[PDB]
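Asker: Below are the chains, spelled out letter by letter.
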Amino acid sequence: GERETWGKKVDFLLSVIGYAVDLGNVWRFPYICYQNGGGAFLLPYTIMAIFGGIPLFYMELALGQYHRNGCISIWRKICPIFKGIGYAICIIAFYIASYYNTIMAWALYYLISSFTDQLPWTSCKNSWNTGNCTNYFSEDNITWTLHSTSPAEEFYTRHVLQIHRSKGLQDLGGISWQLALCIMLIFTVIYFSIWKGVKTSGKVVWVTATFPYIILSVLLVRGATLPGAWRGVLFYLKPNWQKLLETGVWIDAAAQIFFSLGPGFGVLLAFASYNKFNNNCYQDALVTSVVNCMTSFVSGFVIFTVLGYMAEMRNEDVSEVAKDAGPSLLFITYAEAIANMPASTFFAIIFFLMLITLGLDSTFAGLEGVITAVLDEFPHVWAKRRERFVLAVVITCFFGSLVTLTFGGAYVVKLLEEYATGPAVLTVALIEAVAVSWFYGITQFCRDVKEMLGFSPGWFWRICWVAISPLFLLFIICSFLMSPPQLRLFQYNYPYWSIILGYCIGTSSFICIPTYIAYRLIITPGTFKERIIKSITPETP
Amino acid sequence: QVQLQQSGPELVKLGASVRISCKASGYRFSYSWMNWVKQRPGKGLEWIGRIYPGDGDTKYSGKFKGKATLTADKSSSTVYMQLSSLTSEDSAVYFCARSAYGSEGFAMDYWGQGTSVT
Amino acid sequence: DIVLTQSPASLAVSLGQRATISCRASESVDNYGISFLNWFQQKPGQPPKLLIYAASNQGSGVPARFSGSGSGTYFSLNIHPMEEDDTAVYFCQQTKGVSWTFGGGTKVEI
Ligand SMILES: N#Cc1ccc2[nH]cc(CCCCN3CCN(c4ccc5oc(C(N)=O)cc5c4)CC3)c2c1
Ligand SMILES: [Cl-]
Ligand code: NA
Ligand code: NA
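Protein chains in written order, with this note's numbering: chain A, 1 to 541; chain B, 1 to 118; chain C, 1 to 110.
Treat each hint with caution, since some may be false.
[Unchecked claim] Label-pair distances were calculated between CB atoms; the ranges are:
| # | chain 1 | residue 1 | chain 2 | residue 2 | range |
| --- | --- | --- | --- | --- | --- |
| 1 | C | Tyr32 | A | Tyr213 | 33 to 39 angstroms |
| 2 | A | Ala180 | C | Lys43 | 43 to 49 angstroms |
| 3 | A | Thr145 | B | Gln3 | 22 to 28 angstroms |
[Said to hold, decoys possible] Once the Cα atoms are required to be at most 30 angstroms apart in a straight line, the calculated DSSO-like pairs of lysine-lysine come out as:
| # | chain 1 | residue 1 | chain 2 | residue 2 |
| --- | --- | --- | --- | --- |
| 4 | A | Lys276 | A | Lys199 |
| 5 | C | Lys96 | B | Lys59 |
| 6 | C | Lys43 | B | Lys43 |
| 7 | A | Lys323 | A | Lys167 |
It is worth saying that the hints were derived from the structure and are not from the lab. No residue lacks a Cβ here, since even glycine has one placed at the ideal position from N, Cα and C.
Using the sequences provided together with the hints, build the complete structure.
Answerer: In structure tokens form, the structure reads like this:
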């Protein structure tokens with residue numbers, strides 16, 4: 001009855017870095033970087049990383065390595081009353097599996113369609129393009145008027161998404177069968193990557209987490225060699241210290257770092273719960289976080305060296321080219337850039353392969369975190385049939401992802417992307433931090449870390465765990481709850497009932513912790529004071 | 001206003017060739033397919049081929065793959081169509097039509113008056 | 001290469017009676033929600049004047065009389081009560097596939 005330790009330390013390191021670096025690093029980081037300063041956004045980014053990001057990452061890595069019980073059942077040794085964090089994380093994982101794998105299916109569809117001598121998003125001659133189409137890079141003879149479109153945007157919104165057949169979340173109509181097949185392939189790959197446990201998932205990661213870096217290096221070389229990349233990099237790094245004063249830039253930096261490291265999802269607990277007890281978690285936490293941050297920086301460089309090239313081609317400012325916010329920056333913008341590259345039909349393939357692989361390992365990590373939590377919590381029914389319950393998890397994830405594959409499924413992608421994993425995960429991480437620091441002793445936790453590694457964490461880590469880190473998490477959550485979003489994917493301003501539905505998604509994930517607190521308080525006997533005292537201390541079997 | 005004008009009638013010699021042109025105006029010709037359809041006397045329409053000026057892409061039916069070749073000229077806004085090995089079967093009226101955009105069902109909105117080769 | 005067959009090759013419809021012309025595509029002409037099937041009308045010795053596009057949308061400068069319906073593989077061109085000035089030949093063209101093909105044609109007459 002021993003845990004299946006990692007085959008090598010490199011297995012754990014590569015798994016964690018593959019989890020941390022995801023599709024968000026590619027479109028979200030450069031986007032939020034230029035929107036809030038450029039090189040002036042790198043001062044708040046690193047400050048938030050040092051003060052709130054690394055502490056949580058390291059804390060939960062050490063916690064998982066010491067208690068080594070996953071997410072649901074690890075609270076039996078920290079603070080039993082907070083066992084609802086595991087179920088909240090399970091629900092959040094359900095939503096993330098609903099939308100993330102659909103995005104990966106879009107990437108796979110692009111990769112499959114990019115096996116032709118002429119890429120299908122180059123001209124408007126196709127049968128999906130409308131009368132608003134005009135070549136993006138053609139001469140000024142064809143002006144952009146006020147409502148002109150580009151071949152790649154129509155390829156993305158009328159052929160791949162078929163968003164034009166749906167008129168919002170009101171009629172989430174039909175289902176693209178091509179995207180269904182693509183997501184089925186994605187899910188079979190996912191299942192066969194993690195079905196046997198960590199032994200096989202640590203060896204699949206060897207490629208799935210290192211291949212994106214090779215593709216990023218080649219793409220960066222190409223973008224640097226492009227004419228006009230200097231515009232892009234200069235617009236990416238040119239600091240705007242005036243933008244620093246507003247609290248919005250710091251808010252965005254803190255949120256970006258927290259969601260990039262991805263603590264509080266129960267997956268770092270699952271990963272750290274496998275490597276040896278005496279393994280060094282401080283060093284690997286530091287190196288993994290540094291690698292993740294540098295990867296975000298280099299991915300932003302890759303994106304902007306091409307954004308500036310495209311802006312130079314049209315003789316326009318780089319600001320007028322990057323207004324594409326989310327995945328449109330990769331499926332419309334970078335697709336247009338690739339279509340005009342000299343050796344096209346090869347950069348498209350590697351670009352979409354990097355996208356699919358760097359999403360594939362974040363999916364592996366999340367699903368493995370959920371699986372580890374459930375297996376640890378219920379070893380009497382599961383943990384004998386490791387093959388099973390991963391088939392069930394993948395099947396339910398696919399079923400929940402079916403609504404995201406409909407014709408109006410990109411709207412659901414964006415609704416889940418903003419509300420699922422919103423103030424729900426942030427509150428979960430805050431509750432975990434308070435449960436490990438305040439409720440569970442901090443002197444006790446540092447004693448555990450000392451017994452595990454060999455030295456007690458320094459005063460900086462202690463202060464960050466106690467006050468600064470939960471304070472920053474609360475500052476991020478308070479930011480989100482004040483501003484209601486104004487989602488707008490493709491000329492579709494979302495309705496108010498959609499905002500209410502998103503708030504309901506947020507409530508559903510977080511309506512596990514309070515209900516479990518109430519249930520646990522009811523179950524235990526004695527007066528209220530002793531009822532909470534008993535429910536607060538670890539069981540200590 | 002969109003109007004397509006094409007050359008006048010020609011003569012059909014066995015084993016000869018002709019050069020039927022279709023000047024276009026009133027729209028951005030470089031973003032619409034330019035179809036050709038044959039009309040035998042006393043018969044129905046018969047699609048011949050396609051051409052997309054701006055890209056040069058051309059499609060043909062399974063009867064004119066070698067008989068007819070389409071060409072475009074972005075300077076003069078004219079689309080040509082060369083016919084080779086003129087038999088008495090291909091003496092007909094060739095119309096130069098202009099397809100709509102993909103969303104409009106590629107409907108051939110505007111037609112030329114038709115060039116009769118006899 | 002989708003073969004289109006127009007069942008009523010001849011319409012002897014009198015004034016005031018609507019004329020129904022059918023089309024039959026071997027394969028489905030629909031794609032991205034747009035039935036790729038236009039209807040044309042050709043007077044004796046005149047270029048084919050477009051009538052319907054997308055099998056349902058009205059042409060340009062065409063009377064409301066001419067109405068197209070149907071989706072998938074079966075399409076119709078239900079011409080509201082006919083009159084003397086529209087006794088022509090109506091063709092059924094599909095614009096889905098590498099090679100677009102016309103229909104057999106359907107002459108109409110009193
Ligand atoms: N299948 C599966 C599965 C299951 C369970 C799982 N747990 C974890 C995963 C990893 C998959 C990616 C999920 N991340 C991507 C980024 N995203 C994000 C980034 C930056 C941001 O910055 C701001 C701001 N307001 O500035 C807002 C904001 C939001 C948050 C969610 C997983 C996958
Ligand atoms: Cl990042
Ligand atoms: Na990331
Ligand atoms: Na990833």
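Asker: Next, verify each hint and record whether it holds.
Answerer: Tested hints:
Taking 33 to 39 angstroms as the suggested C-beta distance range, the pair C:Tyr32 and A:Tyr213 conforms, at roughly 37 angstroms. Evaluation of the 43 to 49 angstroms hint for A:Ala180 and C:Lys43 yields a pass: the beta carbon distance comes to about 48 angstroms. The hint said 22 to 28 angstroms for the Cβ distance between A:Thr145 and B:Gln3, and at roughly 23 angstroms that hint holds. For the hint pairing A:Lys276 with A:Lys199, the CA-to-CA distance comes to about 14 angstroms; that is within 30 angstroms, so the pair holds.
With a CA separation close to 12 angstroms, the supplied pair C:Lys96 and B:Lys59 stays within the 30 angstroms bound. Our distance criterion of 30 angstroms between C-alpha atoms is met by C:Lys43 and B:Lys43, whose separation comes to about 13 angstroms. The suggested pairing of A:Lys323 with A:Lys167 holds, with an alpha-carbon distance near 22 angstroms, which does not exceed 30 angstroms.
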